[PDB]
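Only one chain comes next, encoded as structure tokens, the form deposited in one PDB entry.
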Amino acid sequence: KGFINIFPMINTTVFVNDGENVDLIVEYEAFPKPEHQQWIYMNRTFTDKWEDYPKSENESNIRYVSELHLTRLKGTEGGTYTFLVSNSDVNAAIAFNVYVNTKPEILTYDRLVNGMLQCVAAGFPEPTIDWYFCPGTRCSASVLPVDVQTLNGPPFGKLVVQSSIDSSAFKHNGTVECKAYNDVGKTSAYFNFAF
């Protein structure tokens, strides 16, 4: 019988630079009248910086607007911001995914069974992980094959990439580097190697 239809006025995918301001805004039609409007992030509720009002004062109005002001975004403030609204009949939600530019972060690096090496990087944009082998006596060029795989917080608002190689092919004592980079920066984990 009743309904709520949320229309985003800005793209529900948001890319921003560290320190940027952005407004998450929606217009929605609801009947009967909405209630318990709230913006949620990390399962917590904004008690400020947000506004929610009817599009018109006409007594037959059913269009509403709600806006969340996000200011000076830090790299750690990306993630899913959800708008929840309900009336005496229906629940509706809409998720905005905010991604803030940050250099890759190496979350784990491991020695696997069967001689494989693995490092896991998170960041935005999506980190590219290159592997380099450096003998005792410059290094190599990024090596293949590689098992790359997109994992699915913390950290929130980041694309997480798992990259694995087989160290078996490599010969001689040295150091293996897994470099995670993107347009923002780069980072590296190192494995010491014995033959």
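Positions refer to the first chain, counted from 1. Here the rigid core means the biggest group of C-alpha atoms that line up within 1.5 Å when the two forms are laid on top of each other. Compared with the form deposited in another entry:
With the core superposed, residue 99 shows a C-alpha displacement below 2 Å between these two forms. After superposition on the rigid core, displacement of the C-alpha of residue 64 between these two forms stays below 2 Å. Superposition of the core reveals a Cα shift of less than 2 Å for residue 43 between these two forms.
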The other form holds:
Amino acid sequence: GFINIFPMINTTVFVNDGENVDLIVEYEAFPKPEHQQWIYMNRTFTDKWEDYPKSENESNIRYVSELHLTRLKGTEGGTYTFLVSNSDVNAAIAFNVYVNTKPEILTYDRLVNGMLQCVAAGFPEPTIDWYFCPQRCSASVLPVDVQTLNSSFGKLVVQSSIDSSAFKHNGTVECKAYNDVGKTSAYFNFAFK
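Can I have the other form now, the form deposited in another entry, not the form deposited in one PDB entry?
Shown next is a single chain and nothing more.
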């Protein structure tokens, strides 16, 4: 016996916020599969999935399963594992689903030591560029510390820091976090702290 699984869409699903997406799998199997389901968070997927043979004949060994995800929030993301099995073989394929979300700047405040710190979270892993406004900001500033924190809502969190004594401002420092999706820019002004 055998079960060969061919994913019609990327097993690494980068889908944007609040949008629809189909996890489609076409697989050939013999003998006929008598067990097939979509598992999510160690439990059978709560909504519905279509499931049908490619051809309703007898010489048919091709099958298709479709899972309709709708309006993905940071909550309903993760691993969607499609399971198929017959009398001879158990088979599985996993769809790691990420709601692509531009980095949100969780915090942007001044530390007790004096350093400005910007902690931003998103997916994929956001990079933080520090800028300055001598208004539009173009003066690039070198970060003295950058690291990735271990998260607990369903993404990756990075924090970056700069030397705040260096500023003779009289001005504003821009924290710009970004990734493939979008970009967030927060601003810190020393005259109002």
